[PDB]
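Next up: just one chain, as structure tokens, the form solved without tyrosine.
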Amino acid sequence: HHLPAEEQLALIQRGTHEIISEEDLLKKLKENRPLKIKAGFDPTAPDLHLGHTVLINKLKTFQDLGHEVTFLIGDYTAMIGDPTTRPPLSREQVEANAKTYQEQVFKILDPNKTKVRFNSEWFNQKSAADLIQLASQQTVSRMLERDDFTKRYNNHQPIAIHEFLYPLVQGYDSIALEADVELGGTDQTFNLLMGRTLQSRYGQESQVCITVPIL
């Protein structure tokens, strides 16, 4: 049934830019169970541009190999706006943009074998105290190590503080999903690594991080 793990790893490794501990990936595949596969998408764009194709085909490889792909809509942070200012996304915009993503993605993935989820599902129920707990798990110095934060800080461009909370949101999504693997583009390394780090801090086995080219 489940392919030998050495062969799974050969099909997963092709076309990828980096795998953070293949030693951890091989161990998960040798467990011979459906790994939970997380791929997150911001719902602001009108569609997925054709540069996502490699990424979606890699989710296809995971699903063909028997693992469970979760297609995650990061709607929570996009629907929060300013206190009384340009507005945030309505729910109507999230649901309409996500519908277009799904019709794109399901020309490749099987809908009966893919989970579609919105991270407001757990995050609507989180209190302010929950987010403070989360925020205590990372240092300001590590957040400023992200490339986009490093340039803005040195070019003396303001970084609002909630921008430091968004990667913590993405990392916790991994805990809420019990992700075994999370995929993203070459430039998402920092954010993907956040879930691997937070998971250990919450008592979970960590995820493997896999990057592919997003053209």
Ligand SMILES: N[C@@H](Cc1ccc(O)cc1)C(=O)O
Second form
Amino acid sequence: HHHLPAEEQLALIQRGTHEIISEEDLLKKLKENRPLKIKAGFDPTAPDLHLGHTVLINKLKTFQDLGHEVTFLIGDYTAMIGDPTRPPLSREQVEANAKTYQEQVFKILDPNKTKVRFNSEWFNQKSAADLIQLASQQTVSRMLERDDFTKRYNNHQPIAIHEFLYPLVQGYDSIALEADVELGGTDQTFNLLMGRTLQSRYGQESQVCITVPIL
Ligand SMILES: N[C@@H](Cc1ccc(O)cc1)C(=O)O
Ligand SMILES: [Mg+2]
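Since the structure above is the form solved without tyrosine, I would like to see how the form solved in complex with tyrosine looks, so please show that one next.
Let's see the whole complex now, leading with the same chain.
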């Protein structure tokens, strides 16, 4: 009735997913009978999204057709930070690549119902002190559990320290968006849980994390 019953939405949402960190909390959010904020983030370095993102985008469409609010999030903030004088992305590259992603995903999603946002929109105004505050919320040993970090460390390959900050940027993005749900590939599990974790540390209701296989 304007919004499908919560248990039916659940059945449609979980079809084709590998994991949902807290079915219990997703049901609780759906029973609130309100538009949920759906976060899906993309790295703007590639020329396009490959044909394996399809399940992911059709899951965002499922959320959109159930009345929920999808934020298409471009993570330009970290991509544009260079080395103190290999170049980073320029703003013109971010904008050009982002336009191509939108031409793609709006063959599926509705543009009048989708929010396109760039995480530099809030992070460009964060101070070093705001990032030190964020960095105090996770430990070194927890960051070293991310599978790619664990392999590099075990093979004594260098891990620059700012690479530990990148998951914290992604987590904070959930806070600034007030994400109810975040979607990603099964490879991005660690990073999606970062936002759920950091939301609690900041006194926010935590997001549900949903992974789909990225073919
Ligand atoms: N870091 C993610 C992309 C991303 C960026 C910012 C976010 O808030 C969320 C996701 C990746 O490597 O694909
Ligand atoms: Mg923006």
